[PDB]
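Trainee: Here is what each chain is made of, one letter per residue.
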Amino acid sequence: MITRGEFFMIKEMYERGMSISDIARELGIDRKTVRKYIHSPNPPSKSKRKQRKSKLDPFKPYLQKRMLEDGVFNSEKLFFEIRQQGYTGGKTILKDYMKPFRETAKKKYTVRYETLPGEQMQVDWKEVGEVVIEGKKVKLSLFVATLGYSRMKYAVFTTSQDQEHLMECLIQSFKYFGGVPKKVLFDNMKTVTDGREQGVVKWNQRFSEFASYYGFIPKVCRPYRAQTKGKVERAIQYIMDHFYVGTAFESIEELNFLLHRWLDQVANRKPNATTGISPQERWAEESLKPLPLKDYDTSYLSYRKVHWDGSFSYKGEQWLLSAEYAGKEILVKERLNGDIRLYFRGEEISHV
Amino acid sequence: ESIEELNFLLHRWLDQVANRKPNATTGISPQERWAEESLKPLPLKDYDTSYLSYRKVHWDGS
Ligand SMILES: [Mg+2]
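Those protein sequences? They're chains A and B, same order as listed. Under UniProt numbering, the residues of the first sequence are numbered 1 to 352, in order. Under UniProt numbering, the residues of the second sequence are numbered 250 to 311, in order.
The hints are simulated quantities; they were obtained by calculation from the structure and are not laboratory data. Think of the CB as a built atom: it goes at the ideal place given N, C-alpha and C, for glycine as much as any other residue. Fair warning: there could be bad hints in the mix.
Said to hold, decoys possible - Restricting the straight-line Cα-Cα distance to at most 25 Å, the calculated cross-link-like pairs of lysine to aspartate or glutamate (DMTMM-like) are:
#, chain 1, residue 1, chain 2, residue 2
1, A, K107, A, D30
2, A, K107, B, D309
3, B, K305, A, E348
4, A, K182, A, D124
5, A, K48, A, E26
6, A, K137, A, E119
7, A, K106, B, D309
8, A, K36, A, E26
9, A, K182, A, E26
10, A, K137, A, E114
11, A, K294, A, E348
12, A, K108, B, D309
13, A, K229, B, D309
14, A, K175, A, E114
15, A, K175, A, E253
16, A, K270, B, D309
17, A, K229, A, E254
18, A, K139, A, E15
What the hints assert, rightly or not - If you only want the chain B side, here are some residues facing chain A, beta carbon under 10 Å, derived:
#, residue
19, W262
20, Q265
21, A267
22, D309
23, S311
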């Protein structure tokens with residue numbers, strides 16, 4: 001088992017012409033050993049041995065059954081049990097054998113990553129809570145979109161977290177940043193996925209079409225791990241401890257106006273604590289893909305029938321349609337702003 | 250402008266016309282008295298002249 005260096009030295013000194021016996025004398029090795037190593041391929045310094053029997057082998061299946069069906073992980077309890085069965089050794093071997101079965105405590109070290117310019121964006125929601133806006137109880141939610149390289153922040157308040165609202169907020173973010181990223185990171189929302197099909201993710205077909213339309217590649221971090229999108233979560237903490245702490249409002253339009261003004265004043269103006277530069281300069285450094293001229297229409301699409309007289313009803317509303325549109329089927333495109341339009345076989349109805 | 254160069258020329262001036270400037274009363278350059286003074290040998294090594302300050306490392310390794 002002469003080590004790498006010893007074997008190299010033996011072979012080299014032997015090939016140099018030095019006599020073998022005095023080589024052995026110099027290196028303090030037996031002459032037979034040195035001579036055998038002369039005609040050897042490479043330094044031998046490794047011995048392979050397979051596993052061997054231990055004391056806790058007969059009890060091992062029983063302990064494994066205890067762990068995997070009774071959920072017992074108390075080394076003292078298992079030791080006391082098996083001691084009656086016949087075991088006589090200490091607990092160290094038991095702990096060593098049982099350690100792999102134990103759950104892996106979550107780490108505390110946190111890797112840091114710096115995405116390339118115009119290469120990544122992050123999105124998330126924040127359930128603000130229930131408020132009485134204009135005498136109406138609604139569930140307010142905050143949508144936050146954080147750029148990855150410039151740390152920009154766009155935000156907007158909404159009353160619902162429907163796929164339509166998500167897509168519209170993404171449109172607003174893309175317009176705000178003057179382009180679309182090459183990658184957009186969400187969490188595992190059903191408006192973007194439909195579960196992990198054996199490790200792989202199954203994208204919602206409509207959302208996949210939307211992404212292919214705007215060209216941005218979706219990504220999802222992982223189940224029950226929000227660290228991977230720390231930028232946007234920390235931006236949420238920033239906004240909810242700086243803007244929505246004492247600000248008072250009565251209309252969501254007013255709140256959104258105040259939020260945009262606040263962002264453009266301080267949030268996207270104050271230099272970041274890590275990049276140490278105003279986010280707008282980095283934004284100017286960003287290179288996002290151009291937006292399409294026509295935005296992906298995100299509006300509720302329903303089919304309704306006009307009554308005999310010509311009175312058409314949608315939600316708690318009523319219209320008066322010409323007699324030619326009575327008893328037929330029409331399309332009611334409801335934009336998220338409340339602009340309802342009526343269509344009949346492509347044509348647009350001048351609804352009264 | 251560099252204060253280091255100013256101190257370099259200061260050291261030259263001290264060696265030239267400050268430590269070799271005889272006093273009117275004594276009439277002898279102070280260097281001779283310094284030579285005859287008792288300057289016990291210094292330990293030949295310098296006690297560390299580096300700021301010592303503790304810092305906690307965040308769980309980010311920072
Ligand atoms: Mg979320």
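Trainee: Would you mind marking each hint as holding or not holding in the structure?
Mentor: Each hint tested on the structure:
For a cut-off of 25 Å, the pair hint linking A/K107 to A/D30 is broken: about 52 Å separates their Cα positions. Distance hint between A/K107 and B/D309 is fulfilled; the C-alpha atoms sit about 11 Å from each other, no more than 25 Å. Between B/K305 and A/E348 the CA atoms are separated by roughly 68 Å; this puts the pair beyond 25 Å, and the hint is violated. About 17 Å separates the Cα atoms of A/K182 and A/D124, which keeps this hinted pair within 25 Å; it holds.
Proximity of A/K48 to A/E26 is assessed by CA-CA distance (about 29 Å); at most 25 Å being required, the pair is judged violated. As the CA atoms of A/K137 and A/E119 are separated by approximately 39 Å, the hinted pair breaks the 25 Å bound. Distance hint between A/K106 and B/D309 is fulfilled; the C-alpha atoms sit about 14 Å from each other, no more than 25 Å. Annotation: proposed proximity of A/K36 to A/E26 holds, straight-line Cα distance about 17 Å (limit 25 Å).
Restraint check for A/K182 and A/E26: the C-alpha separation of about 67 Å exceeds 25 Å, so the hint is violated. With a C-alpha separation of about 41 Å, the suggested pairing of A/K137 with A/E114 is violated against the 25 Å cut-off. Of the supplied pair hints, the one linking A/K294 and A/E348 holds, its CA atoms being roughly 19 Å apart against a limit of 25 Å. As the CA atoms of A/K108 and B/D309 are separated by approximately 8 Å, the hinted pair is consistent with the 25 Å bound.
For the proposed pair A/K229 and B/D309, the alpha carbon gap of about 15 Å is at most 25 Å, so the pair holds. Only pairs whose Cα atoms come within 25 Å are accepted, and A/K175 paired with A/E114 is accepted, the gap being roughly 24 Å. For the proposed pair A/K175 and A/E253, the alpha carbon gap of about 18 Å is at most 25 Å, so the pair holds. For the hint pairing A/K270 with B/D309, the CA-to-CA distance comes to about 23 Å; that is within 25 Å, so the pair holds.
The suggested pairing of A/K229 with A/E254 is violated, with an alpha-carbon distance near 29 Å, which exceeds 25 Å. The hinted pair formed by A/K139 and A/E15 fails the criterion: a straight-line CA distance of about 85 Å is larger than 25 Å. At about 44 Å, the closest approach between the beta carbon of B/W262 and any beta carbon in chain A exceeds 10 Å, and the interface hint on this residue is violated. Below 10 Å, beta-carbon pairs count as interface contacts, and B/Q265 has none with chain A, the closest being about 48 Å; its hint is therefore violated.
For B/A267, the interface hint is violated, since its Cβ never comes within 10 Å of a Cβ in chain A; the closest pair sits about 47 Å apart. A distance limit of 10 Å between C-beta atoms decides the matter here; for B/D309 the minimum to chain A is near 5 Å, and the interface restraint holds. Restraint check, B/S311 versus chain A: the minimum CB separation of about 8 Å is within 10 Å; hint holds.
Of the numbered hints listed earlier, those contradicted by the structure are 1, 3, 5, 6, 9, 10, 17, 18, 19, 20, 21.
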